[PDB]
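Just the one chain here, the form deposited without the named molecule, laid out as structure tokens.
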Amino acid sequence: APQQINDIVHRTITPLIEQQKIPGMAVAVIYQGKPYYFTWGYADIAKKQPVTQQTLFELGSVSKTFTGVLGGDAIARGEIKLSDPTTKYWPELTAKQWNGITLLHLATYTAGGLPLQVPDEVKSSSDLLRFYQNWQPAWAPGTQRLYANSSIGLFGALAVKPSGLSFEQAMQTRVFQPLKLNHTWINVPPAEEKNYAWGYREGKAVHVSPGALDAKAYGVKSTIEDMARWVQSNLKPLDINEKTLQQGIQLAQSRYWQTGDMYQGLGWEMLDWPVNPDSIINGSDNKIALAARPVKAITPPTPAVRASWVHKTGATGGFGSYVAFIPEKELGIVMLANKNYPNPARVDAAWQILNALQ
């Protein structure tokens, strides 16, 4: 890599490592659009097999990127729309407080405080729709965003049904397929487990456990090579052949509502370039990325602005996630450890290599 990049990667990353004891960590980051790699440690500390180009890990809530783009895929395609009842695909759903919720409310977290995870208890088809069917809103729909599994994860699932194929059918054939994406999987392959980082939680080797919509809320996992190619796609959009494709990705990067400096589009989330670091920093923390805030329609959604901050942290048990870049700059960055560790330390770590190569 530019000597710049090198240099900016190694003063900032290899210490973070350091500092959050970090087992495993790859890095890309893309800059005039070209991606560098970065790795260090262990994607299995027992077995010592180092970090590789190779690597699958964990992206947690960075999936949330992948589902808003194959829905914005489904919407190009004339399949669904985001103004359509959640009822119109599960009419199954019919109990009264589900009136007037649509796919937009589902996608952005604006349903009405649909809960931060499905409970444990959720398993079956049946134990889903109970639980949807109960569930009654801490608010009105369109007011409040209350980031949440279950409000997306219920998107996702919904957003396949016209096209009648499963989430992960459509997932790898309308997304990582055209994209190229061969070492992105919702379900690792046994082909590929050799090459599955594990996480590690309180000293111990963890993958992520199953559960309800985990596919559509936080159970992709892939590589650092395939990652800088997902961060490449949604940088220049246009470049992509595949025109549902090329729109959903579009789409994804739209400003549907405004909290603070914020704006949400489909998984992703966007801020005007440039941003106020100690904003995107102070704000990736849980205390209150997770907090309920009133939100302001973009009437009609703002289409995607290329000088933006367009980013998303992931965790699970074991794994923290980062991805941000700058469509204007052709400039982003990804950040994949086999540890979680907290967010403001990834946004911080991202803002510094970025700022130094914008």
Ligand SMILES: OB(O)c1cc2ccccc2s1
The other form holds:
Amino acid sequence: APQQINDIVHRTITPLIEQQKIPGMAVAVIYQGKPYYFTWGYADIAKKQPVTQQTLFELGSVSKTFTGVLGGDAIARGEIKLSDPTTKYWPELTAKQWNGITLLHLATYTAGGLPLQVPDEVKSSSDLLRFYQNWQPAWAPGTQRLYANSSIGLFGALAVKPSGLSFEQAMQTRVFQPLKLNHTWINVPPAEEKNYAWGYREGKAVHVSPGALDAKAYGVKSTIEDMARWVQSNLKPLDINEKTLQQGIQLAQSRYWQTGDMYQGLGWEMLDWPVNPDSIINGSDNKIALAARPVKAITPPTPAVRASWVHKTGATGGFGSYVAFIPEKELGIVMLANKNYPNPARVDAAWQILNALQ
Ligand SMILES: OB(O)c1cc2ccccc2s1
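Starting from the form deposited without the named molecule shown above, please give the structure in the form deposited with the named molecule bound.
Let's see the whole complex now, leading with the same chain.
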């Protein structure tokens, strides 16, 4: 890589790793649209397996960006509309509190206080129907944003219904494959197990716990090379050959709601560029990021703004991930770690790097 990229990455990420005691890390910097890769440490401590360009990391909630884009793609295909009632695609969801709750609300966490987590006891299809049928809202739809797996997870599940495909097969065939994300999986196949990093929590090797809607809300595993391609695809959507996917990526970066200085897309979150770094750093702390916030509708949504900081944090028990990019500058970063460390440290590091290079 150019010396300036190597310099800021080494001065920023290498000490971050020491500070946070991260066992293994992969970073990609996209600069003038071209990817550069950086690796540290071990994918598997016990086996002394190094992190490589081939190492799969758990993306955690960075998966929500794939769900958002898949949903965007279904819209572009004319299969779903965000204005449609949730009940249009789940006719058995008949309970009165769902009247007025649309796919937009599910996708953007604005249904009125759907919970962060589906309770662990909720497993089967019948359990899931019961949970949503019994759920009572904290607020009217389209008034408050509460970041929630139960919200966007259900959006992902319903978005694929008209296609008839499973969520996994829609994602594979409509997003991963056209973008040549050849080492990106919702379910890691046996052939990839040797490349699947262990996560580390309290010094113990761990992989993500199964859950209802895991595939839709936090279930993607990917390599640093595939994630760099994901960034390139989101930096320059109108260069993707598949027309509905091009549009789907664009729709996921539309601004649907505003809270403070942030805007909610489909999976992606956005701020106007240039940003106050303290806003994104402090704003990424879970005490803010998981709190209810009042939203103003952007009526109608602003199409993807090139002058944006577009980003998403992700965590599982054993992994911490971050992706951020600025389409105007053809600039982006992916940080994948096999320890879950605080969000503000990730964002701070990403800001130092991208602000040096913009
Ligand atoms: O990485 B995300 O922001 C997630 C938040 C939660 C909360 C509970 C369970 C699983 C997840 S993934």
